[PDB]
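Asks: Each chain, letter by letter, is given below.
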Amino acid sequence: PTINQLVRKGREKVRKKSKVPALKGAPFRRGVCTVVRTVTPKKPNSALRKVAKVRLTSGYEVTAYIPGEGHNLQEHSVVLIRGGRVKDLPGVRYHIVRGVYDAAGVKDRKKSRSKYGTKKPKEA
Amino acid sequence: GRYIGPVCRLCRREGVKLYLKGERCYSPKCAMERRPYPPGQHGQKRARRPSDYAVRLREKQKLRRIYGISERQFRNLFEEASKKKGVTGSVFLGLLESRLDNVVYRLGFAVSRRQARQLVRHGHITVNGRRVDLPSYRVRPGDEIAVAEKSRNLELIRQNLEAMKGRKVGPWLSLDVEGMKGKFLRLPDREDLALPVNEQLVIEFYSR
Amino acid sequence: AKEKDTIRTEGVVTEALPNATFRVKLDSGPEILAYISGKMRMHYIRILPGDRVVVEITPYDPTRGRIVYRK
Amino acid sequence: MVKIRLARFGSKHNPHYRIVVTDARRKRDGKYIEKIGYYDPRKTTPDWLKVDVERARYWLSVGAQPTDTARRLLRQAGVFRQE
Amino acid sequence: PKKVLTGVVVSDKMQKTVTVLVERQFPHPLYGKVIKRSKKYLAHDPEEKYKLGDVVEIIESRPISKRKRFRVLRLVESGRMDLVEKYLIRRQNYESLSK
Amino acid sequence: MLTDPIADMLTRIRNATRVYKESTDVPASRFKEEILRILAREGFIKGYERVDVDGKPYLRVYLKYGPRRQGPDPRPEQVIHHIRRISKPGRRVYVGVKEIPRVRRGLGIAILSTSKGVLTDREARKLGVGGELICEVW
RNA sequence: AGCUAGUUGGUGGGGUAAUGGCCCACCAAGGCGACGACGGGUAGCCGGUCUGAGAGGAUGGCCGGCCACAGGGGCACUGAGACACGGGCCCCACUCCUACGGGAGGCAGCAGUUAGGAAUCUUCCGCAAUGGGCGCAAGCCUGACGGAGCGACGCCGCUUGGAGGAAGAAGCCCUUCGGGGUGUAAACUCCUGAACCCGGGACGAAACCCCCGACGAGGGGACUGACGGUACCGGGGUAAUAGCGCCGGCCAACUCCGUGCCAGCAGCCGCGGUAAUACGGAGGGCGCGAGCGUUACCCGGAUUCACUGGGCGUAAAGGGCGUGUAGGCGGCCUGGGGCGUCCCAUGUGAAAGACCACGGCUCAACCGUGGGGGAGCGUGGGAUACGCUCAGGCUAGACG
Ligand SMILES: [Mg+2]
Ligand SMILES: [Mg+2]
Ligand SMILES: [Mg+2]
Ligand SMILES: [Mg+2]
Ligand SMILES: [Mg+2]
Ligand SMILES: [Mg+2]
Ligand SMILES: [Mg+2]
Ligand SMILES: [Mg+2]
Ligand SMILES: [Mg+2]
Ligand SMILES: [Mg+2]
Ligand SMILES: [Mg+2]
Ligand SMILES: [Mg+2]
Ligand SMILES: [Mg+2]
Ligand SMILES: [Mg+2]
Ligand SMILES: [Mg+2]
Ligand SMILES: [Mg+2]
Ligand SMILES: [Mg+2]
Ligand SMILES: [Mg+2]
Ligand SMILES: [Mg+2]
Ligand SMILES: [Mg+2]
Ligand SMILES: [Mg+2]
Ligand SMILES: [Mg+2]
Ligand SMILES: [Mg+2]
Ligand SMILES: [Mg+2]
Ligand SMILES: [Mg+2]
Ligand SMILES: [Mg+2]
Ligand SMILES: [Mg+2]
Ligand SMILES: [Mg+2]
Ligand SMILES: [Mg+2]
Ligand SMILES: [Mg+2]
Ligand SMILES: [Mg+2]
Ligand SMILES: [Mg+2]
Ligand SMILES: [Mg+2]
Ligand SMILES: [Mg+2]
Ligand SMILES: [Mg+2]
Ligand SMILES: [Mg+2]
Ligand SMILES: [Mg+2]
Ligand SMILES: [Mg+2]
Ligand SMILES: [Mg+2]
Ligand SMILES: [Mg+2]
Ligand SMILES: [Mg+2]
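Protein chains in written order, with the entry's author numbering: chain L, 5 to 128; chain D, 2 to 209; chain W, 1 to 71; chain P, 1 to 83; chain Q, 2 to 100; chain H, 1 to 138.
Keep in mind the hints are simulated off the structure, nothing from the lab.
Virtual Cβ for every residue (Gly too), placed ideally from N, Cα, C.
Keep in mind that a hint or two might mislead.
Unchecked claim - For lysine-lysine, the following PhoX-like pairs were computed, each having C-alpha atoms within a straight-line distance of at most 20 Å: (1) L/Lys46 x L/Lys13; (2) L/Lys114 x W/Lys2; (3) W/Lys4 x L/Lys111; (4) Q/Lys37 x L/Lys13; (5) Q/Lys34 x L/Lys13; (6) W/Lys2 x L/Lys115.
Said to hold, decoys possible - Residues of chain L placed beyond 12 Å of chain H at every Cβ, according to the derived structure: (7) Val11; (8) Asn76; (9) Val90; (10) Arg113.
Claimed, not checked - Pairwise CB distance ranges, derived in the manner of DEER restraints: (11) H/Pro89 x Q/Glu24: 18 to 28 Å; (12) D/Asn77 x L/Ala30: 27 to 37 Å; (13) P/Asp47 x D/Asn129: 13 to 23 Å; (14) H/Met1 x L/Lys21: 41 to 51 Å; (15) Q/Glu24 x P/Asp47: 30 to 40 Å.
Given these sequences and hints, build the entire structure.
Replies: If you want it as structure tokens, here you go:
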């Protein structure tokens with residue numbers, strides 16, 4: 005437009021939408037689990053994905069993805085949220101970190117380790 | 002700190018000679034001389050087209066490995082160079098050279114850069130009358146550097162000196178071959194050095 | 001690893017849902033939204049409510065299976 | 001009260017003091033009126049201490065008061081010197 | 002300097018008090034464009050001499066009231082009812098703007 | 001409204017350059033005349049004069065071009081590649097001695113109305129004065 | 001979208017160090033507002049910080065300024081100064097004692113407990129330095145401060161060896177069975193000598209005091225150490241922690257086996273339903289490296305809120321048009337004013353940083369010294385082309 009218009013009104017600033025209500029911009033959040041269940045992905049992909057319905061110390065009821073290949077998660081398991089969309093699962097926004105709390109290191113991982121929070125094999 | 006471990010492998014990866022063993026990298030043995038190909042399995046695989054980032058990256062790696070440095074340090078040096086007035090590529094190079102280990106190497110107090118660094122570390126080199134033990138020492142021009150007095154007596158250094166007896170010492174430096182001494186005179190230039198570098202590429206890589 | 005605890009149980013097809021997600025009244029007991037295998041999708045194999053299909057069921061939560069065998 | 005005092009800047013073990021003119025009720029690091037000189041305890045430099053004399057004299061005249069160390073420093077660098 | 006300001010008498014509806022309109026022109030901090038920016042002021046005048054429509058010199062002063070911090074130095078131009086009227090019309094419109 | 005005059009003049013010039021008629025007609029101002037003079041000095045136009053169209057004073061513009069060009073797109077080589085009025089009326093910009101913008105690194109020019117008449121970039125620098133950034137030419 | 005009744009202005013008084021609707025008595029009936037009032041939400045604010053080519057944008061941790069609040073609220077007193085952080089009173093909320101009548105409290109001081117929470121530190125030594133405050137002084141106080149403790153929390157520095165050493169051991173992996181890879185890597189030779197132990201050992205600290213000099217200037221003397229037997233130097237002296245990410249494209253780096261749209265990976269495209277350079281493993285490689293990756297959050301890339309620097313026939317997007325208010329914007333000539341605007345001088349722009357130079361801690365980070373710049377704002381002077389303004393005219397706009 006014309007600078008006069010700008011002067012009159014101003015530019016409507018990019019109010020940055022939050023991708024994550026982990027509240028506060030809380031870089032993690034620990035919480036307890038409603039139900040450990042399993043979900044169908046979408047139109048492109050098909051695989052029984054291991055999810056957890058999670059209640060948080062923020063106060064929200066959000067679903068969360070569990071990593072690895074063999075989990076050890078119950079229900080009143082104390083869990084730690086990572087945050088970060090998986091693409092496939094809808095309504096799903098937060099990962100869980102395996103390695104601390106009631107999510108321990110996935111055994112039989114020796115390559116991709118830290119991301120899954122599993123300790124080192126003492127080499128011979 | 003150090004890279005440490007397998008060296009001539011880096012040279013192989015680069016494809017242009019390093020002289021990073023010194024001798025050995027001088028004898029028919031750097032693997033560059035006898036073996037001239039990428040390391041690991043696909044060492045003999047028909048060359049992938051290097052993406053334009055990749056070439057730059059490779060060049061940077063070459064350069065960084067040449068003087069034997071941590072990458073953070075290198076980055077800092079680059080930043081400093083950029084901050085300074087002049088030709089960044091040339092000035093940066095000069096500054097890099099102006100590190101103590103490099104100086105030691107180029108004056109031939111040790112025959113390899115790693116070796117030079119080691120020597121610097123243990124309490125061997127003496128800056129204007131006092132020992133310094135840090136590879137990242139920035140030696141400003143017109144500066145006098147010696148071998149230590151009670152460390153004056155070691156055989157290796159003598160041998161190295163002898164090797165540097167007869168042949169030329171880089172234009173910006175000069176050495177005393179008897180009193181175990183050496184001057185760093187001028188802050189080295191682009192044309193003053195025969196490096197395998199193309200510093201422009203490195204600079205470009207850094208920009209991002 | 002590939003942790004195999006998968007229960008290979010048969011069942012009569014109950015309710016035809018979208019996406020080829022067939023409620024299958026199993027020989028085990030309760031019906032779940034068990035969907036169709038990728039193999040079946042590839043070969044173009046139509047299931048109707050009236051077949052005894054094999055559903056490969058998970059022990060974590062018996063709510064979702066997988067129709068593997070053609071009828 | 002208006003005080004002429006050293007202020008610590010610098011580092012741990014490696015101290016550095018500014019001969020400064022400031023207020024009584026101020027932070028030892030605080031917004032002083034006027035930087036008048038400098039002194040390093042470590043004697044590390046040949047030009048370790050230096051004051052500007054004229055300004056110091058002026059401050060004294062108004063009625064600024066030196067604390068002890070500051071006073072000593074002034075004496076050393078010649079301000080209380082009379083001729 | 003006891004700050005010196007140019008502006009017009011928009012209102013006398015008061016004992017001794019004059020209302021002044023300083024149209025200070027300023028640049029915008031961003032878009033370059035210069036804006037006629039108006040601020041109202043209230044000046045003490047110990048005479049009632051200054052009438053509805055006069056441009057006057059307003060001086061930074063010690064306060065006499067809850068926002069009334071200027072004496073009138075002097076008259077500049079008497080009787081420019083144009084700039085008066087604009088303001089009045091704007092004020093009138095303000096009543097029309099609501100609801 | 002023929003609203004800004006200078007801008008209008010510039011536009012006319014640009015149009016002329018685009019469609020290659022060695023002369024154009026624009027209404028008459030002192031400001032305009034001064035600008036034209038500056039342009040002439042610099043070399044962007046062969047000259048000008050001021051004649052009459054309908055009992056109204058008018059400034060003719062004797063344009064300039066570079067040599068008739070080779071190959072495809074014959075179009076005589078253009079000397080005024082581009083023109084732009086920066087201090088657009090209402091959006092009025094003001095620059096100082098440390099704010100004269102080095103236009104094309106030196107191969108076009110800016111035009112700066114100053115206290116010291118109507119004048120150019122180098123001149124401004126010499127005289128150490130600032131003013132209004134009416135226009136940019138390259 | 002209207003708000004306002006001590007609310008706006010007045011006279012007097014009171015109160016105050018001092019103006020004042022701060023408050024009161026009485027009179028007037030205004031005032032502000034779409035140039036964004038009141039209301040809501042949000043929020044300490046800045047020097048700054050990070051980013052960014054810059055303009056900007058976001059941020060305001062520490063460090064310095066200034067405000068504000070010391071359970072919540074409200075108020076005074078005293079004093080030069082508070083409406084008073086470790087001073088008072090009173091109500092409410094809470095924890096402590098109670099012989100039930102009543103009091104005690106306030107760590108948002110250091111240290112820690114407790115809670116929340118992903119997450120944050122030693123119930124540390126010292127008055128030695130500097131500052132504080134009292135005191136003639138000695139001195140006394142000081143969780144200001146100085147330091148140590150813990151944490152790869154961030155940045156920087158250094159170690160985890162180097163010189164040899166096969167046209168190439170084993171180990172392990174592919175194979176087109178020749179061979180290649182790992183890899184000069186190893187082993188082994190030589191040397192060095194971080195760690196480590198012994199020998200010393202600070203600089204930081206010379207004053208305040210004392211005497212000669214008048215209790216001045218000046219001169220001599222003494223005492224003074226938490227850090228810390230630390231740093232550092234002298235001698236010896238051991239080859240002495242490597243990890244994590246990724247490896248389809250972006251994007252640096254590929255093969256084999258396992259697995260079969262399953263298990264899984266994912267930042268996006270998307271990979272996987274039997275030869276997966278995308279999944280699990282194994283080598284190889286690549287990236288950095290005592291760290292690297294994940295997550296949060298900000299800027300960048302987004303010239304994707306566009307002032308620099310975007311658009312609106314069909315992509316999001318011209319309102320249905322008219323009249324018209326504020327507003328914005330404006331023809332040609334001549335003169336004045338000089339508000340904008342420019343210029344020159346200065347005053348300011350505290351320090352720290354950011355920038356240059358130099359110096360110091362064995363380099364660097366860190367830190368010092370000196371300079372320079374600095375948007376903006378104030379004052380003095382000028383300039384008048386350009387906007388503005390006032391005056392006069394002009395007919396090309398407009399109207400008749
Ligand atoms: Mg490091
Ligand atoms: Mg299975
Ligand atoms: Mg009343
Ligand atoms: Mg009064
Ligand atoms: Mg009031
Ligand atoms: Mg609120
Ligand atoms: Mg802010
Ligand atoms: Mg602060
Ligand atoms: Mg207070
Ligand atoms: Mg209280
Ligand atoms: Mg209170
Ligand atoms: Mg008192
Ligand atoms: Mg009092
Ligand atoms: Mg109180
Ligand atoms: Mg505390
Ligand atoms: Mg606790
Ligand atoms: Mg907790
Ligand atoms: Mg601490
Ligand atoms: Mg004590
Ligand atoms: Mg003291
Ligand atoms: Mg006593
Ligand atoms: Mg401390
Ligand atoms: Mg550390
Ligand atoms: Mg070796
Ligand atoms: Mg000892
Ligand atoms: Mg080893
Ligand atoms: Mg992975
Ligand atoms: Mg990938
Ligand atoms: Mg793989
Ligand atoms: Mg990190
Ligand atoms: Mg634009
Ligand atoms: Mg667009
Ligand atoms: Mg459309
Ligand atoms: Mg319309
Ligand atoms: Mg109008
Ligand atoms: Mg106008
Ligand atoms: Mg400063
Ligand atoms: Mg400085
Ligand atoms: Mg130095
Ligand atoms: Mg007129
Ligand atoms: Mg007509």
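Asks: Each hint: holds or not?
Replies: Hints, verified against the model:
1. L/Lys46 x L/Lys13: 44 Å, violated
2. L/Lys114 x W/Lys2: 15 Å, holds
3. W/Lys4 x L/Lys111: 15 Å, holds
4. Q/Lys37 x L/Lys13: This hinted pair holds, its Cα atoms lying about 16 Å apart.
5. Q/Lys34 x L/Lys13: 14 Å, holds
6. W/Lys2 x L/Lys115: With Cα atoms ~16 Å apart, W/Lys2 and L/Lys115 stay inside 20 Å; holds.
7. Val11: 10 Å, violated
8. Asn76: About 67 Å separates L/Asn76 from the closest Cβ of chain H, which puts it past 12 Å; holds.
9. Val90: Correct as stated: the minimum Cβ-Cβ distance to chain H is 49 Å, above 12 Å.
10. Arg113: L/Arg113 is indeed farther than 12 Å from all Cβ atoms of chain H, at 59 Å.
11. H/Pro89 x Q/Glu24: 18 to 28 Å: 20 Å, holds
12. D/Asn77 x L/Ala30: 27 to 37 Å: 34 Å, holds
13. P/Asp47 x D/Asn129: 13 to 23 Å: 20 Å, holds
14. H/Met1 x L/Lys21: 41 to 51 Å: 44 Å, holds
15. Q/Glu24 x P/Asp47: 30 to 40 Å: 59 Å, violated
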